[PDB]
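Asker: Please take these sequences and the hints and turn them into a complete structure.
Letter by letter, the chains look like this.
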Amino acid sequence: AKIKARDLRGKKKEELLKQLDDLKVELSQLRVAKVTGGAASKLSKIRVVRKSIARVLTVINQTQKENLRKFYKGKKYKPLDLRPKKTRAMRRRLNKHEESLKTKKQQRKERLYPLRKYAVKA
Amino acid sequence: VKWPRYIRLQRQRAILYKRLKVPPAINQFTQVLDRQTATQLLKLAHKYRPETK
Amino acid sequence: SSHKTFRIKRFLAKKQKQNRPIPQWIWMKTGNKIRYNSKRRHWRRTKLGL
Amino acid sequence: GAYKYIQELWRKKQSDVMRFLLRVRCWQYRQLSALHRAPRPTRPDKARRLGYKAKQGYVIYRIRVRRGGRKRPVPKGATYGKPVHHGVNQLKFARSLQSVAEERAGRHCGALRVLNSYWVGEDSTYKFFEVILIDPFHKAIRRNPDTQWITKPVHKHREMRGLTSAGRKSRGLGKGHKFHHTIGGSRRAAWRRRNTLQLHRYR
Amino acid sequence: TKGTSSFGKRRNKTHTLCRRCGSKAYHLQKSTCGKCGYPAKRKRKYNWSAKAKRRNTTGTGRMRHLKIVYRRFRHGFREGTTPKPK
Amino acid sequence: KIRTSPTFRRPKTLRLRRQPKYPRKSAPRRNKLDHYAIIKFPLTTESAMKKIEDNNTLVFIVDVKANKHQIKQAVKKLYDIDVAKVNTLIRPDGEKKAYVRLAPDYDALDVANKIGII
Amino acid sequence: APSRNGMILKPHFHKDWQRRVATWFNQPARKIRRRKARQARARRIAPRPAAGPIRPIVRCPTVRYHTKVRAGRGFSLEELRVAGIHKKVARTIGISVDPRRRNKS
RNA sequence: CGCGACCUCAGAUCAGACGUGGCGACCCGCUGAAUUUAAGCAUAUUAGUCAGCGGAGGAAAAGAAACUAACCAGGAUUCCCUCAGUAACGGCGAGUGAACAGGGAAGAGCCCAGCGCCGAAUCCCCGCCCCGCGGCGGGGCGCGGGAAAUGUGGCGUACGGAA
Ligand SMILES: [Mg+2]
Ligand SMILES: [Mg+2]
Ligand SMILES: [Mg+2]
Ligand SMILES: [Mg+2]
Ligand SMILES: [Mg+2]
Ligand SMILES: [Mg+2]
Ligand SMILES: [Mg+2]
Ligand SMILES: [Mg+2]
Ligand SMILES: [Mg+2]
Ligand SMILES: [Mg+2]
Ligand SMILES: [Mg+2]
Ligand SMILES: [Mg+2]
Ligand SMILES: [Mg+2]
Ligand SMILES: [Mg+2]
Ligand SMILES: [Mg+2]
Ligand SMILES: [Mg+2]
Ligand SMILES: [Mg+2]
Ligand SMILES: [Mg+2]
Ligand SMILES: [Mg+2]
Ligand SMILES: [Mg+2]
Ligand SMILES: [Mg+2]
Ligand SMILES: [Mg+2]
Ligand SMILES: [Mg+2]
Ligand SMILES: [Zn+2]
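Protein chains in written order, with UniProt numbering: chain H, 2 to 123; chain L, 108 to 160; chain G, 2 to 51; chain U, 2 to 204; chain P, 2 to 87; chain V, 39 to 156; chain Y, 2 to 106.
These are calculated hints, taken from the structure and not from any lab test.
One or more hints might be untrue.
As the list claims (entries may be wrong) - The calculated label-pair distances, taken between Cβ atoms and stated as ranges, are: (1) V:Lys59 with H:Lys105: 43 to 53 Å; (2) Y:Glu79 with H:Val121: 50 to 60 Å; (3) H:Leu58 with Y:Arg36: 53 to 63 Å; (4) U:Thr183 with L:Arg115: 44 to 54 Å.
Ideal Cβ positions, reconstructed from N, Cα and C, are used throughout, including at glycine.
Answerer: Next comes the structure, spelled out in structure tokens:
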């Protein structure tokens with residue numbers, strides 16, 4: 002049967018690992034058939050089983066990563082893979098908050114002398 | 108004892124102030140208030156300490 | 002020599018696997034220009050560096 | 002204020018008090034390593050004038066450099082060429098010893114930024130300088146909008162690009178008829194514009 | 002004597018494969034590489050050989066992180082968002 | 039306290055242990071050298087068929103990063119057979135060949151029949 | 002070798018001048034870029050004048066030009082004080098100010 | 001002898017951060033020739049140029065006068081035209097060689113230390129509560145911990161400023 006990624010997401014991790022360990026038995030059985038010499042229908046199923054295993058492992062890893070980022074959602078210190086990976090110089094910038102402070106002198110200067118909107122007659 | 112460098116350095120810094128001619132503006136700090144007046148001074152100063160946090 | 006190291010033996014293994022002729026079915030392809038394998042190596046002629 | 006008294010006090014370096022203090026401090030710094038951390042600024046009013054603020058993230062390193070000119074690093078005699086360039090002994094380095102001390106501090110402490118430096122003593126073979134260093138990632142610097150300019154990636158290794166005061170004095174820049182050769186960005190920027198041929202479309 | 006007879010004694014090697022640059026220029030007896038200078042932290046390159054620089058530049062190899070960086074640049078390095086599902 | 043020796047040694051201070059406020063990576067890595075990934079395929083060659091028939095062994099192509107212990111405990115789980123000994127070599131192909139000798143009560147060709155090589 | 006009659010010319014082409022040659026093929030490209038930047042600024046300050054602040058009446062020094070008059074950098078503090086305009090409010094209504102200027106006359 | 005401060009200095013797989021290396025067309029700081037020309041050659045010229053070394057950014061550097069001028073005076077920096085192959089340097093030989101004024105492109109100004117006045121009025125970190133939460137921030141608590149009087153913050157900087 003066609004193993005789809007849409008219907009693996011509602012399943013539990015143990016019944017996902019059961020399907021993974023069944024498909025790995027399927028790969029070992031197909032690779033024995035490859036070296037003994039088998040049908041082309043058995044030979045062309047290797048690519049089918051390999052991508053299904055990639056699909057199951059992708060679903061398992063994506064689910065685990067989503068639960069990890071749900072657990073570390075409100076915490077100050079989180080693991081570096083869950084921290085945002087932009088470029089290194091962009092991660093070493095100042096915050097919105099830090100670039101949006103101005104001193105008490107510049108605060109009263111902007112208050113006392115704002116930039117006026119004006120026009121000059123021709 | 109072969110002492111470490113910082114111990115040896117501070118100890119022979121303490122000897123250089125006994126060897127070298129100390130000028131009087133630095134020597135005047137060696138002349139100090141004695142044992143009984145200091146306790147009276149700090150006893151008075153304990154009544155005027157600034158407030159804590 | 003017979004006293005090889007692991008990295009030298011692995012390099013020799015790869016250079017053994019690249020020394021096979023082209024498969025017969027590749028020049029039935031549409032966008033094909035390869036007539037044969039021009040990167041071939043013989044042990045007597047080209048001495049592989051090292 | 003006491004700082005005005007300490008400032009005028011350090012201007013009398015030939016007096017008995019200052020010749021005692023400078024000699025004993027030069028002896029003390031001669032017994033330490035060539036580069037080490039000072040726990041506090043030795044000369045606080047001058048550190049304050051150069052931009053040191055006594056708060057967290059401001060670091061002081063004391064450093065010594067060897068005095069004299071620059072011998073040309075060439076084997077025995079044998080600097081091969083015309084008689085103009087046979088000079089080896091009496092040559093002089095184009096940058097000051099304070100500027101050498103700033104980059105020797107800043108290379109060893111590459112996570113910090115050099116602000117300024119000041120002289121604290123010398124003898125026949127060493128000159129002693131203290132360098133003001135700023136941590137650009139401490140929050141006391143990051144959240145202070147007066148000193149958050151140093152955190153920017155433009156100001157990485159000012160002491161190596163000649164943007165501090167000591168390395169700035171050696172570039173020959175300034176306003177006037179005495180500094181015509183650095184009009185533009187620098188001496189090399191003046192040279193590029195003066196030796197760049199402008200070939201227009203219509204000539 | 003100095004030529005054909007002398008070429009028969011070449012049986013022990015000076016250089017081996019370098020573990021940083023992959024070229025056979027790691028001098029076994031000086032423990033350094035004549036191509037990249039492996040025990041030095043900085044790779045050796047010079048402006049007197051422009052041809053040697055263009056054999057090892059950022060465009061020479063796989064670019065397995067920089068070519069994803071160049072693609073991610075066009076969307077402002079967006080992260081942690083998905084396209085809207087069906 | 040007296041200084042018995044004229045040598046000053048650095049006194050041993052207290053060294054605390056790592057108690058991080060966050061793990062550096064979120065999850066432990068999955069063991070990619072799995073029992074299925076460590077054994078790729080057996081050989082069906084005439085040099086391996088005599089090796090199976092006569093010496094009561096099996097011949098496998100295994101992963102190159104595999105120990106004899108790992109090959110032993112991998113055969114014991116995939117094929118439910120204990121191992122007398124494991125002898126490995128590395129081919130000029132680059133692949134690792136493993137001669138896995140079974141117990142005297144298990145028969146290697148009757149194991150080979152159910153796995154497929156015959 | 003010199004010819005019969007001519008000038009003694011000193012061409013300054015003894016360095017490697019061919020490396021530092023500035024061609025002007027991007028001159029009509031920079032004129033369009035400056036014009037688009039000028040119009041974008043003029044749309045950004047919508048009722049404010051496109052030239053900017055008003056520049057003062059300024060005499061030129063150095064006797065070849067002492068009869069001409071010119072636009073200066075800014076109005077002086079004496080001029081703003083006589084006119085009754087505060088120096089920190091003048092820059093908000095488009096009056097150019099520089100404090101370096103003196104008024105001898 | 002012991003105890004408790006402070007100073008100076010160590011050790012930690014201590015808690016949280018940062019740097020290394022690459023590319024390098026353009027930029028900044030050093031170092032730095034000889035071919036060549038002088039019909040030779042040594043000063044000069046090549047040339048502060050090639051090579052060498054260090055450091056960045058999307059631009060860099062410079063930058064708001066210890067300025068130009070000698071006028072009825074201009075007024076930060078950078079770039080273009082002109083000044084100008086000029087003043088000047090030079091075995092005054094070969095050759096080298098700016099700046100001011102003027103016309104434009106652009107145009108934006110500012111902050112400390114000191115000197116003073118305010119009860120350190122200032123800053124950082126950890127625990128808890130709720131929110132924001134993918135550029136780690138906001139208010140509320142903590143007889144919580146530190147930094148700082150060997151000076152943090154507010155006013156205030158040469159155009160004067162404070163009461
Ligand atoms: Mg202030
Ligand atoms: Mg041969
Ligand atoms: Mg010469
Ligand atoms: Mg040898
Ligand atoms: Mg390098
Ligand atoms: Mg003729
Ligand atoms: Mg730690
Ligand atoms: Mg030089
Ligand atoms: Mg000649
Ligand atoms: Mg000739
Ligand atoms: Mg000659
Ligand atoms: Mg170069
Ligand atoms: Mg770097
Ligand atoms: Mg970049
Ligand atoms: Mg800049
Ligand atoms: Mg000018
Ligand atoms: Mg003319
Ligand atoms: Mg002559
Ligand atoms: Mg010249
Ligand atoms: Mg001008
Ligand atoms: Mg204009
Ligand atoms: Mg103050
Ligand atoms: Mg000023
Ligand atoms: Zn190498």
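Asker: A separate judgement is required for each hint: does it hold in the structure or not?
Answerer: Going through the hints against the structure:
1. The hinted window of 43 to 53 Å between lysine 59 (chain V) and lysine 105 (chain H) is violated, with their beta carbons roughly 35 Å apart.
2. Between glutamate 79 (chain Y) and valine 121 (chain H), the C-beta spacing of about 24 Å breaks the proposed range 50 to 60 Å.
3. Between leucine 58 (chain H) and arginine 36 (chain Y) the beta carbons are some 58 Å apart, a value that agrees with the proposed interval 53 to 63 Å.
4. Under the hint 44 to 54 Å, the C-beta atoms of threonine 183 (chain U) and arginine 115 (chain L), about 50 Å apart, fit the expected range.
The structure fails hints 1 and 2 (numbered hints given earlier, in ascending order).
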